[PDB]
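Chemist: Read off the chains here:
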Amino acid sequence: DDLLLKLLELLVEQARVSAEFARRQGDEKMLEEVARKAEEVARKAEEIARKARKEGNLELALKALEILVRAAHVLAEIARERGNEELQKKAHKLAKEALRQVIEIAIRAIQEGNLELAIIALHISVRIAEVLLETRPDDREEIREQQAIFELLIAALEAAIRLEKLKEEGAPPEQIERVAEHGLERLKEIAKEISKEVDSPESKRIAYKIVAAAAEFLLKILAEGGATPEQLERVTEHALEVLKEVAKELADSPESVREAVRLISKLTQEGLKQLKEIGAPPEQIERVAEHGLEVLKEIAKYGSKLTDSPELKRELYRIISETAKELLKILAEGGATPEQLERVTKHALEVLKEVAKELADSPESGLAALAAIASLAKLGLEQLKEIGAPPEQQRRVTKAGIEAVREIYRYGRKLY
Amino acid sequence: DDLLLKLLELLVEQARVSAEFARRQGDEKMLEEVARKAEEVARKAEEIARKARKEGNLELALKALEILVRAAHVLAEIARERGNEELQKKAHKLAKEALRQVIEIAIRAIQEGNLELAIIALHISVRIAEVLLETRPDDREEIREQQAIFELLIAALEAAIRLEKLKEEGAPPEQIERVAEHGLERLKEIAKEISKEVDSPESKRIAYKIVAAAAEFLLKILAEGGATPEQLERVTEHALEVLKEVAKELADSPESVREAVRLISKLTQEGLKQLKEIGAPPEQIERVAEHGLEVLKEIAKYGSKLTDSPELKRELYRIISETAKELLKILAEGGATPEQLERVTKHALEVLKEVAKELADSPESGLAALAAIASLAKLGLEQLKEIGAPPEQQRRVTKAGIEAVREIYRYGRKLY
Amino acid sequence: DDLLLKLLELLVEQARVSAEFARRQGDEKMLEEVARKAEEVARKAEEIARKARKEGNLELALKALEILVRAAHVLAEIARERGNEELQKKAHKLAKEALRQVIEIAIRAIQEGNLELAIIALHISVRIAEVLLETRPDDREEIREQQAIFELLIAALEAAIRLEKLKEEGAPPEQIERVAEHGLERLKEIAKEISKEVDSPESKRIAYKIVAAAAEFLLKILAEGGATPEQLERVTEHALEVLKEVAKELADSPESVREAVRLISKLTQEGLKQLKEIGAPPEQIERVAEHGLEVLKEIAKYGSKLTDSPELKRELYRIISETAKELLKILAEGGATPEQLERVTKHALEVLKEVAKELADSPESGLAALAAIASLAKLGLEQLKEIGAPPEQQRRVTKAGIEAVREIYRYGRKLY
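Chains as they are written, first to last, in our numbering: chain E, 67 to 482; chain L, 67 to 482; chain U, 67 to 482.
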C-alpha cells in the first residue's frame with residue numbers, strides 16, 4: 067500500500083507548488099483545477115484511510131491523516147484567497163473529522179499500549195490544530211477543547227511513561243501504587259476541571275473515554291508488573307471509585323450513560339480476568355465482583371435520574387445482565403465452588419432486582435426486565451448444573467429466582 | 067562517501083545562516099566570501115554527483131542533487147538581493163542541468179523498476195521546481211513544460227503503482243491487460259496534448275523517452291507477472307502503435323528520429339526477449355518481428371520525409387540494419403526453424419531495400435546501403451550455416467541477396 | 067527513554083501553537099501560563115540532559131540538547147513579542163552553555179571516531195547559531211567566535227574524513243602523512259588567524275582543545291592505518307611542534323597552561339602507546355620521550371612567566387612528574403633494557419631539575435619540587451629493582467638522584 071500514500075504526498079505537494087505558482091501567475095483556472103485535484107486527492111486519501119482503519123494499521127492511518135492535513139492546508143490556502151465558503155466548510159468539517167479519527171486512534175494506541183504511535187498522532191493533532199487555527203481562530207472553545215483533550219492525553223502519557231519506566235526499573239510495588247494513585251487523582255482533578263470548562267457532548271464523551279483508557283492502561287501495566295493481587299484489587303477499587311465520580315460528573319446523555327456503563331463493566335471484567343490469570347484466592351475475586359456490581363448499580367441509578375427512553379433502559383439492563391453472565395462465567399472458569407457461585411448469583415439477582423425497581427416504569431419494560439432476570443437465573447442454574455451442585459443449591463437459587471420474579475411482578479402490578 | 071555530502075549540507079546551511087547574519091550586519095565582504103564558498107561547495111557537490119552518476123548509486127546522486135538545489139537556493143537568494151546577474155544565470159543553468167539529471171534519474175528509476183527511488187527522485191524534482199519557481203517568476207512556459215513532464219511522470223506512476231498492486235493482488239491477466247491498455251491510451255492522448263502544450267525539442271525528447279519507459283515498464287512487469295504470450299503480443303502491438311503515433315507527432319529533428327528508432331528497437335528487443343524467456347512458439351515471435359520491422363520501416367520513412375542530413379541517413383540505415391541483424395540473431399538464438407529465419411531475412415532485406423529507396427541520394431549512400439544489405443545477407447547465411455539448413459535454402463537466400471543488390475544497383479544507376 | 071523528551075517536543079509545539087493563538091486573541095494570561103510551562107519544560111529537559119551526560123549516551127545527549135535548543139527557541143520567540151528581559155537573559159546564557167556542551171560532545175565524538183555524531187552535533191551547533199542569531203544579532207563577536215569554532219571544526223573534519231577515506235582506500239602512508247601534515251599546518255594557520263580575531267579565554271581554550279583533538283585523531287587513524295613507526299614518530303614530532311607553537315600563541319591565563327600541558331602529555335602518552343603496541347625499537351620510544359619532555363619544559367618555561375599561583379606551579383610540577391612516571395611505566399612495559407631505563411631516567415631527573423630551576427621561588431615550592439623528584443627517584447629505583455638491574459646500575463642512578471637533590475638543595479639554600 068505505502069506507494070499510494072507516497073504518491074498522494076507527491077501529488078499534494080505538487081498541488082501546493084502548482085497553487086503557489088498559480089497564485090504568482092493569477093491563473094484562476096489552474097487554481098480551480100488544482101482545487102479539484104486537491105479534493106480528489108483528499109477523497110483518495112479518505113477512502114484509503116477507512117480501509118486502513120478496517121485493517122488496523124495505525125501507521126498508515128496516521129500517514130493518511132497527515133496527507134489529509136496537507137490536503138486540507140492546500141484547500142484552505144485556496145479557499146482563503148478565493149473566499150469560497152463551501153471549500154472552507156468542507157475543510158473545517160474534514161478537519162473536525164480528522165480530529166475525531168486521530169483522537170480515536172489515540173485512544174486505540176493507548177488501548178494497544180504503544181505510546182509512540184499516540185505521541186506521533188498527538189503531533190499530527192497539533193498539525194490539525196495549526197490547520198484549524200488558520201481555518202477559524204475565533205472558535206476559542208474548539209481550540210480549548212482540543213487543548214483540554216491534549217492536556218488530558220499528555221497527563222495520561224506522563225503517568226504512562228513514568229509507570230512504564232518504574233516497571234522496567236523494577237521499582238517496589240509500594241512506590242508504584244503511590245504513583246498510580248497520584249496519577250488517578252491528578253487525572254480525576256484534571257477531568258473535573260475539564261468538566262467545568264466544556265459543554266460539547268462529544269468532547270465530554272471523548273474525555274470520559276480517555277479517562278477510562280487511562281485507568282485501563284494503568285491496570286494493564288500494573289498487572290504485567292506482577293504485583294501481589296491485594297495491590298491490584300486496591301488500585302482497582304480506587305479506579306472504579308474515581309471512574310464512578312468522573313462518570314457522575316461527565317455522564318448526562320443517552321450515549322454517555324450507555325458508554326459509561328460499557329466502560330466501567332469492561333474495566334471491571336478486565337480486572338477480574340487479571341485476578342483470574344494471577345490465580346488470586348476466590349474471596350478477593352468475589353469482593354471485586356460485588357464491589358463492581360454495587361458501583362454499576364449506583365451508576366445505573368445515577369444515570370436513570372434524567373431518563374425518558376425505555377429503549378435506553380432496556381439496553382442498559384441488557385448490558386447489566388450481560389455483565390452478570392460474564393461475571394458468573396469468569397467465576398466458573400476460575401473453578402469457584404457452587405457455594406461461592408450461589409452467593410454471587412444471589413447478589414447479582416438482588417442487584418438486577420434493585421436496578422429493575424429503579425428503572426422500570428411500564429409493563430412492556432417490566433416483561434423485558436423480567437425476561438432478563440429469568441435468563442440470568444437460567445444461566446446461573448446452568449453453572450450450578452455444570453459444577454454438579456447439590457439439588458438444595460439448585461432449589462435455593464430457583465426459589466430466590468421465583469421470589470425476585472414475584473416481587474418484580476408485584477411492582478409490575480403497581481405499574482400496570 | 068556520505069560524510070562529505072553531509073559536510074557540504076552543513077556548510078550550505080552555515081552559508082545560509084552566515085548570509086542572514088551578514089545581511090543583518092551589512093557585511094558585503096562576508097557575502098562575497100560566503101558566495102565564493104557556496105559556489106565552491108556546489109563545485110565539490112557537482113563533481114561528487116557526476117562520480118555517483120558514473121558508479122550508478124541513485125541515492126547518492128539524488129542526495130548530491132538536493133545539496134546542489136540547497137546550494138543553488140542560497141546562491142540565488144544572495145544573488146537576487148545583490149542584483150548579481152552572473153550568479154543568477156549560473157544558478158538557473160545549473161538548476162536546469164539538475165532538472166535534466168533528475169529527469170534522467172527518474173527515467174532510470176522507472177527502468178530499474180524500484181518505484182520508491184522514482185518517488186524520492188520525484189520529490190527532489192519538486193524541490194527543483196520550488197527553487198526554479200523562486201528563480202523564474204517570468205518563464206511560466208518552462209515551468210509549465212516541467213509541470214507537463216511531471217504530470218506525465220505522475221500518470222506513468224499511477225499506471226505503475228496500480229499495476230504493481232494489481233499483480234501483488236494476483237488479479238486476472240485480462241483485467242490487468244484492460245488496465246494496461248487504459249494506462250497506455252491515457253498516456254498517449256496526454257502525450258499528444260503535451261506535444262501541443264510544449265515546444266522545447268529536448269522537452270519532447272524527454273516526453274517520448276518517458277512514454278517509451280512507461281511501455282517498457284508495463285511490458286516488464288506484465289512479463290514478470292507470468293501473463294500468457296497472447297497478452298504480451300496484444301500489449302506489444304498496442305505499445306508499438308502508441309510509440310508510432312507519438313513518434314509521428316514528435317519526429318521533427320535528426321536526433322529525435324535517431325532516438326525514436328532506438329527506442330522502438332529497444333521495445334522490440336525487449337518484446338522478443340520476453341517471448342524467448344516465456345518460451346512462446348516462434349509463430350508469435352515472427353509475427354511480432356514483422357510488426358516491429360514494418361513499424362520501424364514506416365517510421366524510418368516518415369522521419370526521412372522530415373529530414374535531409376547525410377550523416378543522419380547513414381546512422382539511420384546503420385541502426386536499422388543493426389536492429390534487423392540483432393532481431394534475426396535473437397530469433398536464431400531462440401532456436402526457430404530455418405523457414406522462419408529465411409522468411410524474416412527476406413522481409414528484412416525488403417525493409418532495408420525500401421529504406422534504401424527512401425534514403426539513397428548519392429553513390430556513397432548507395433554503397434553504404436549495399437554494404438549493410440550484404441552484411442545482413444552475411445549474418446543470415448551465417449545463421450543458416452550454424453543451424454545446418456539444406457543447401458537449397460542457403461542458395462535461395464544468397465539469390466535473394468543478389469536480387470536485392472541488383473535492385474540497389476538499378477536504383478543507383480539513376481544517380482551514377 | 068526518548069518519549070519523555072518527545073512529550074517535551076509536543077509541549078513545545080503546543081506552547082508555540084497556543085502562543086500564536088493567544089497572540090491572535092490577546093490572551094496575556096495564556097501567554098503567562100504557557101511561558102511558565104515552557105520554562106518548566108526546559109527545566110525537565112535540562113535535568114534529563116544532565117542525566118544523559120552522566121550516562122554518556124551521546125545520541126540521547128544530542129537529542130536532549132536539540133530539544134533544549136527547541137525549548138529555548140520557543141521561550142525566546144515568546145519573550146521577543148512580550149519584551150521580557152529575564153527570559154532573553156536565561157535563553158542567551160542557556161544557549162551559550164548548550165554551545166559549550168555540544169562542542170565538548172563534538173570533541174568527544176572526534177575521540178570516539180564515529181564522525182556522524184560530530185556531524186549531528188555540528189547540525190545542532192548550526193541550530194544554536196540560528197537561535198543565537200534571532201536572540202541577539204548585535205552580539206556579533208559571539209557569532210564570529212562560533213563561526214571560528216565551526217570553521218576550525220570544519221577544517222578538522224575535512225582532514226578527518228579525507229584521512230578516513232584514504233585509509234579505507236588503502237593509500238600509501240607517505241601520501242596520508244603529507245595530507246595530515248598539510249592538515250596540521252592549515253589548522254595552525256587557521257588557529258593563528260583565530261588567535262588574531264578572538265580575546266575570550268574560553269574560546270581559545272576550546273580552540274586549542276579542538277586542535278589537540280585533531281592531532282590526536284590524525285595520530286589514531288594513521289596508527290590504525292598500520293603506518294610504519296618512523297612515520298608515526300615524524301607525525302608525532304610535527305604534532306608536538308605545532309601544539310607547542312599554537313599553545314605559545316594562545317596561552318596568557320592560568321588554567322590554559324595546565325590544560326595545554328595536560329593535552330601535550332596526552333598526545334605524548336598516545337604516541338608512546340602506539341610505539342609500544344606496534345613493537346617499535348626502544349630507540350624511537352626514547353626519542354619521543356625526550357622530544358615530548360623537551361617541549362613540555364619549553365611550555366612550562368613559557369607558562370612560568372604568566373602567573374605567581376603556587377597551586378598552579380605545584381600542579382604543573384605534579385603533572386610533569388606524573389608524565390615522567392607514566393613514561394617510565396610504558397618504557398618498562400615495553401621490555402626495554404636497564405641502559406634505556408638509566409638513559410631516560412637521567413633525562414627525567416635533568417628535565418625535572420630544569421623545571422625546578424625555572425618554577426621554584428620559595429622554601430615550600432622547593433620542598434614540593436624535591437618531594438616530587440624524590441618520588442620519581444623512588445619509582446625509578448622500583449623499576450630498576452623490578453627488572454632486576456645489577457646493583458651498580460641501581461647505585462649509579464641513585465647517586466645521580468642524590469646529586470639532583472643536591473643541586474635542588476643548592477637552589478633551596480638560596481630560596482630559604
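In case anyone wonders, no lab produced these hints; they're calculated from the structure. Here a beta-carbon is modelled for each residue, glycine too, at the ideal position from N, C-alpha and C. Treat the hints with care, as some may be off.
Counterexamples of contact, computed for chain L against chain E with all Cβ distances above 12 Å [said to hold, decoys possible]: (1) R166; (2) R244; (3) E311.
Using C-beta positions, here's what the derived DEER-type ranges look like [what the hints assert, rightly or not]: (4) E:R116 with U:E196: 55 to 61 Å; (5) E:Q241 with U:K371: 46 to 52 Å; (6) U:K371 with L:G92: 15 to 21 Å.
Chemist: None of the hints should be skipped; say for each whether it holds.
Modeler: Evaluated hints:
1. The beta carbon of L:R166 is kept farther than 12 Å from every beta carbon of chain E, the shortest such distance being approximately 19 Å.
2. Every CB of chain E lies more than 12 Å from the CB of L:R244, the least distance being 20 Å, so the non-interface label holds.
3. Its beta-carbon lying about 26 Å from the closest one in chain E, L:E311 satisfies the requirement of being farther than 12 Å from that chain.
4. Hint check: E:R116 to U:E196, Cβ distance near 41 Å, so the stated range 55 to 61 Å is violated.
5. For E:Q241 and U:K371, the Cβ-Cβ distance of about 59 Å falls outside the hinted range of 46 to 52 Å, so the restraint is violated.
6. As the Cβ distance of U:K371 to L:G92 is approximately 42 Å, the hint placing it in 15 to 21 Å is violated.
Hint compliance for this structure: hints 4, 5, 6 are not met, and every other hint is.
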